[PDB]
Amino acid sequence: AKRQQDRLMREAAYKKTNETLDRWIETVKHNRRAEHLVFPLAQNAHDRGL
Amino acid sequence: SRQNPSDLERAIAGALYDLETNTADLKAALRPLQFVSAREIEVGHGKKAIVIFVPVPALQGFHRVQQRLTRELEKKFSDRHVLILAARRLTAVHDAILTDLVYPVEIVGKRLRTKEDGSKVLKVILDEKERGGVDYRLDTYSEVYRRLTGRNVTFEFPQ
Amino acid sequence: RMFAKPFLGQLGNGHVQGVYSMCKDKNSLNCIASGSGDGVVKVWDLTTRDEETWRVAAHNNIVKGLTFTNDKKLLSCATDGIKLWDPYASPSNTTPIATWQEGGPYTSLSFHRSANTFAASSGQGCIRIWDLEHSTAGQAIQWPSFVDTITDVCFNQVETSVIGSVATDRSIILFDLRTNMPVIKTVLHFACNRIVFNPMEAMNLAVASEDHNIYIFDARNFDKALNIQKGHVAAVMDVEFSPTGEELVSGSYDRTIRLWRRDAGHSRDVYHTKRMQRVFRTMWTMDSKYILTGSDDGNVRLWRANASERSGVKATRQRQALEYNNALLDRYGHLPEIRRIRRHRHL
Amino acid sequence: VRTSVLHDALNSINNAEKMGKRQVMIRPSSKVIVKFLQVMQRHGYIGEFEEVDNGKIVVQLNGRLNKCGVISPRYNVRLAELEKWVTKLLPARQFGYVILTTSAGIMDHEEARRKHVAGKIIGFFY
Amino acid sequence: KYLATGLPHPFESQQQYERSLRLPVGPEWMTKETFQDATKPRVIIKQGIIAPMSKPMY
Amino acid sequence: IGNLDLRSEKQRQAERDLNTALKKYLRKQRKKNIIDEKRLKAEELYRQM
Amino acid sequence: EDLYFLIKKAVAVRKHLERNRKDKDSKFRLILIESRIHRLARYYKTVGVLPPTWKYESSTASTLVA
Amino acid sequence: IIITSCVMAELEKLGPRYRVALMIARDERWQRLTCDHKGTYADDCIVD
Amino acid sequence: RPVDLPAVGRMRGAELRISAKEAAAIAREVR
RNA sequence: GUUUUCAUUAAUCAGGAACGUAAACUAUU
RNA sequence: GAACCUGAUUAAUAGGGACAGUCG
Ligand SMILES: [Zn+2]
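These protein sequence lines are chains A, B, C, D, E, F, G, H and I, in that order. Residues 86 to 135, numbered by our numbering, are exactly what the first sequence covers, in order. Residues 347 to 505, numbered by our numbering, are exactly what the second sequence covers, in order. Residues 1335 to 1681, numbered by our numbering, are exactly what the third sequence covers, in order. Residues 2 to 127, numbered by our numbering, are exactly what the fourth sequence covers, in order. Residues 8 to 65, numbered by our numbering, are exactly what the fifth sequence covers, in order. Residues 3 to 51, numbered by our numbering, are exactly what the sixth sequence covers, in order. Residues 64 to 129, numbered by our numbering, are exactly what the seventh sequence covers, in order. Residues 222 to 269, numbered by our numbering, are exactly what the eighth sequence covers, in order. Residues 151 to 181, numbered by our numbering, are exactly what the ninth sequence covers, in order.
Simulated from the structure, these hints should not be mistaken for lab results. Ideal Cβ placement from N, Cα and C applies to all residues, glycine included. Careful, some of the hints might be misleading.
As the list claims (entries may be wrong) - Here are the simulated distance ranges between beta carbons:
1. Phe-503/B with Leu-8/F: 53 to 61 Å
2. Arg-417/B with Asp-54/D: 52 to 60 Å
3. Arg-410/B with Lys-32/D: 53 to 61 Å
4. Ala-97/A with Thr-1650/C: 56 to 64 Å
5. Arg-115/D with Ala-1559/C: 46 to 54 Å
Claimed, not checked - Take a look, some chain C residues computed to stay more than 10 Å from chain E by CB distance:
6. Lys-1360
7. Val-1374
8. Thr-1381
9. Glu-1385
10. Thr-1403
11. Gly-1415
12. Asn-1427
13. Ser-1469
14. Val-1481
15. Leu-1522
16. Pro-1577
17. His-1606
18. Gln-1654
19. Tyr-1658
To be verified - Simulated pairs of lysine to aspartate or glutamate, EDC-like, Cα-Cα distance not exceeding 16 Å:
20. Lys-1407/C with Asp-1420/C
21. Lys-1519/C with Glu-96/A
22. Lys-100/A with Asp-1510/C
23. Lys-456/B with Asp-441/B
24. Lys-12/F with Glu-19/E
25. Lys-8/E with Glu-1671/C
26. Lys-22/D with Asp-1545/C
27. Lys-87/A with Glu-489/B
28. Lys-101/A with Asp-1510/C
29. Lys-53/E with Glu-1657/C
30. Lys-8/E with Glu-11/F
31. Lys-85/D with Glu-172/I
32. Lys-47/E with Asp-1664/C
33. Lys-22/D with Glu-1544/C
34. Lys-87/A with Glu-355/B
35. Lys-19/D with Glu-179/I
36. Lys-85/D with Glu-165/I
37. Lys-78/G with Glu-120/G
38. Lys-469/B with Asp-54/D
39. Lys-8/E with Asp-7/F
With the hints as extra help, turn the sequences into a complete structure.
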């Protein structure tokens, strides 16, 4: 059925999006477990490697 | 009645004739019915759904037995959504078309929800006690109702 | 409690009718815009708050959504349909340079972080996604049989191509832009007014909902809320994470702004004023020090978070005294006298 | 008993706009009420309403309107009278609208001046 | 009124909390380096655009 | 300054989670002379003992 | 019929009132029930389901229990 | 026709019953004289 | 007194009653 | 309460009709 | 003085009646 085919395709999309947020889990974990956070980030600087 | 047959009217009438013998051991509205009316216009893309029109006391004569009649009409004929309805020729007629569309399940409410401009969307809710076997038939219900009447409605179980 | 003086100012003369939408520029630092209820939008510069920089009688109805592009231009929704203006040009132009009416009644906007893509939440139950300069009608992504209006839409700024939305089915829905389809849909108990994402943690979101409540959810596991902030009286109208990702502003439907920590579950601060009539849109500046409040009195007000902490350059024995006081309150903040004086606020 | 079900509905809308609620349950529905709220929704003073059936109307309101009212004897009005009736009913000519049951339907006074048709004054909001 | 009425939220034991505070923060009782390291704030916000994080750090 | 009020902590946890002495009990509670159904249960216990 | 049950209640009330004759609450309820009878009877006259010369004072009560 | 910010302040300090008079005052075509004083008392502002 | 109340007739709840003289007074003012 | 019926029968009171020693501190909320 | 409407309606969140257990 169209509803079940849509449900399986969107379950596959949910697994792909969970993979692309599991790439962020480790940095979120280090930011919540760290002792001192420095904002703004070093990676967002407009002169990063100069 | 009203018809001289098309290509599939004689096939569905032969199915109604063949359900008399060579089978069950169940016939109450099967012998007092003749060739009546049928229509074959698409639902979604790829699939179609057969509707058959019924004389107006034979709608309660068919409310007598519709379990496993529509199952064998789905299985033994063409593997598509079978659907019976009365034939008619205003708002009470469209209400009748809805409540004879949904045959096991009683509709509860109609919510005519407008939008932030003049556009409006009707949405008729169903009964909660029967949910599992109807949800794959809901888009067929909505599309057959659009194709017969012209008013876009969408069917939804309440949550 | 003595030097807690949070009100800083008010942007210009304000609007005529109430401020029903406003949006910052996430690339710049002093570019704000606000669209009122009589359909006039104004672009403000935060360095010179005396008068507006650019105003136009944009639409007929109220301005429901509004955003800035990543180049310099701004977009605005209405029930009319969305429009695009160039507010920074050497002649001032009142006329739009693009308009879009097909796609039902639009409700909100959200711009992409990097590219020129933006998604508009419509009232037909779909969102539709445009790319500027090579798309005209956009691509309409929807839940397959969906009827109720999608109220808010928000691009995830950390993880690009993940779009969250709330809808008046008391539901939140996700969207993956890479494979253009919806992803997951959860029905909550009450309607949600606004979704927002965390700018430091890509997976956490917050819904401001008519349950007087803020729900911090995890986008990978929608089983339970990560946190439930409950402090309000009337419904929550707007929520916004701080750009450091550790605090929240919520403007409510009664006359209150509530400032929250991320793990708190109860109010750090409450801001209110007899002149402030209702609160509709609250958002931080990109300093993460000042917050802005678009009210129903037609006023955009500039408050500060950390109400007793003054800005500017401090001497070392000044900021050491302030940091020493904050560490000392972190330790002894739970004792009874200290607790009652630090929790007392005049509502 | 107030047979004016439009007045009962508009009394409920005024009570909600005073009490700061975000929706109502207009218990007796009609069609003139639906047209009234259609005009209010055109001019943006009411968010979104639905007619559910037993029926009743659920009216999401934005918190933008001040007062609803019905003119109870429903006096007839021409255009040269309509200008003075607008400036005597509304606090300002640019704020709020007067509702008219014309031969072209039910609409506001600006749409009546657009479509060049007069009629009876039925209500007003601002 | 100087005793504490209940345990604070993360703590699980009376010995844990009443032995976890244990040391004065102030500059009279600790050295200057210790005082600086113990009253550094957790989140250090400098001025500027605090843009959301582009790429994963770890 | 900052130590536990142990009585208040025990009461907080209570409101969150919610043959040699039973003769001097009656010796102390025969003098009131409130009858007080816990003393009726104690009298039945003393009769069983 | 509604009118039939109402006139039956009226005959029952008047018979009890004739046997007792002293109370006033039954007389007041009799006045209420006779007003109700006359109003429903007038609506059924202006529809026309019954004769327009048919009347109930006490003789119709007597000839419908008899 | 000018309106001082003390006058706008007292019109805003009065409740949402006066929202129509507030919008009428907040019509855009009029001059807004910003005031540099403390109390937002319209009588003393106008007299000074 | 309330500012928002219109000047033609009396207001009771959401119902605004206009006497027959007042609708005649506006028609006199137009002519 | 019902797995009960006719479907405007209704609302309000001009006229009229039935019942009959005291006072003294006070559309929702 | 209800709503509904390019051979007999909604069955009213107004009526009157019937039945049952009751209640004072
Ligand atoms: Zn002044």
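Here is what the structure says about each hint:
no.	hint	result
1	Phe-503/B with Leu-8/F: 53 to 61 Å	56 Å, holds
2	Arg-417/B with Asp-54/D: 52 to 60 Å	32 Å, violated
3	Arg-410/B with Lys-32/D: 53 to 61 Å	39 Å, violated
4	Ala-97/A with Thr-1650/C: 56 to 64 Å	57 Å, holds
5	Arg-115/D with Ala-1559/C: 46 to 54 Å	51 Å, holds
6	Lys-1360	7 Å, violated
7	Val-1374	29 Å, holds
8	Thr-1381	14 Å, holds
9	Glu-1385	25 Å, holds
10	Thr-1403	16 Å, holds
11	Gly-1415	30 Å, holds
12	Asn-1427	28 Å, holds
13	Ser-1469	25 Å, holds
14	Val-1481	33 Å, holds
15	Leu-1522	26 Å, holds
16	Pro-1577	4 Å, violated
17	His-1606	26 Å, holds
18	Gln-1654	7 Å, violated
19	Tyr-1658	5 Å, violated
20	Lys-1407/C with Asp-1420/C	5 Å, holds
21	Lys-1519/C with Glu-96/A	11 Å, holds
22	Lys-100/A with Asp-1510/C	11 Å, holds
23	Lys-456/B with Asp-441/B	10 Å, holds
24	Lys-12/F with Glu-19/E	13 Å, holds
25	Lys-8/E with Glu-1671/C	7 Å, holds
26	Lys-22/D with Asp-1545/C	13 Å, holds
27	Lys-87/A with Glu-489/B	14 Å, holds
28	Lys-101/A with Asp-1510/C	9 Å, holds
29	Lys-53/E with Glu-1657/C	15 Å, holds
30	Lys-8/E with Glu-11/F	14 Å, holds
31	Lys-85/D with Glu-172/I	12 Å, holds
32	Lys-47/E with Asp-1664/C	12 Å, holds
33	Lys-22/D with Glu-1544/C	11 Å, holds
34	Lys-87/A with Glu-355/B	28 Å, violated
35	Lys-19/D with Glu-179/I	35 Å, violated
36	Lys-85/D with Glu-165/I	20 Å, violated
37	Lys-78/G with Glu-120/G	14 Å, holds
38	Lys-469/B with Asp-54/D	11 Å, holds
39	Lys-8/E with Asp-7/F	9 Å, holds
Checked against the numbered hints listed earlier, the structure breaks hints 2, 3, 6, 16, 18, 19, 34, 35 and 36; every other hint is satisfied.
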